[PDB]
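We begin with a single chain expressed as structure tokens, specifically the form deposited without adenosine monophosphate.
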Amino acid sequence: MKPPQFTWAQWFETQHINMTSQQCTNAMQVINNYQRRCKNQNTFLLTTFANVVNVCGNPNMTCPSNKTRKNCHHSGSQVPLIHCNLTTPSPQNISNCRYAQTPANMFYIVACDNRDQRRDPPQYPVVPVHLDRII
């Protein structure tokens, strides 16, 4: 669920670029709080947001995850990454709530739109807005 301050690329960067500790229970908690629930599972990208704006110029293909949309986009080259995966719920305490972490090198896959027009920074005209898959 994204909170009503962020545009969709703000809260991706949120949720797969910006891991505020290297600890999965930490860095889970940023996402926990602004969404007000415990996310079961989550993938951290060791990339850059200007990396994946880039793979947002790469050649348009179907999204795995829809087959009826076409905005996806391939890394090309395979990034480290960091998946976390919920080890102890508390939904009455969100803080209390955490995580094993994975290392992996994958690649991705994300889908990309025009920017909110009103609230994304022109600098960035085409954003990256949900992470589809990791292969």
Second form
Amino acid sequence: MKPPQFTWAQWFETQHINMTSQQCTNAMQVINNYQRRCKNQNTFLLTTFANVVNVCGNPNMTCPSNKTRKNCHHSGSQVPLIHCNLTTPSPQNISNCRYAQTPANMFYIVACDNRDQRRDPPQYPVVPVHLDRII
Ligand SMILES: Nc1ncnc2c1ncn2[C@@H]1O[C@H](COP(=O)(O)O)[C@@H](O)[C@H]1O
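Output the form deposited with adenosine monophosphate bound next; the form deposited without adenosine monophosphate has already been displayed.
Next comes the full complex, and the chain you just saw is listed first.
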């Protein structure tokens, strides 16, 4: 449930790269306010968008969360990440959702696709579109 103004890569960045606060409850307001639902789980990779695009250059692998897909790519090393867990669901009032935060150093697996021709910048022809797994 991506908001229509974002490409998949832009939505990927919004959910997994641009952690607007080191505190999950604050950071998740962005994601939840965009998708009009409190996400149960969300990982913020403490890495850069360009770093992930280079992970898209790594050898293709089966997506562990989406077995029929072969458009995934494994990071060559562990990266710091913050994982946000829903601790206070609030379906009838998104703004009151609260999260716990778990810091960790793990690998990630991203699905990558060619860029949205009209809205994604030419600079990156291949872009991350889904965070398939942290492992
Ligand atoms: N064009 C795309 N190719 C692959 N995955 C995509 C694409 N657009 C969105 N996704 C993400 O891919 C996930 C799983 O795709 P699938 O394996 O086909 O079910 C979804 O949860 C989406 O977030």
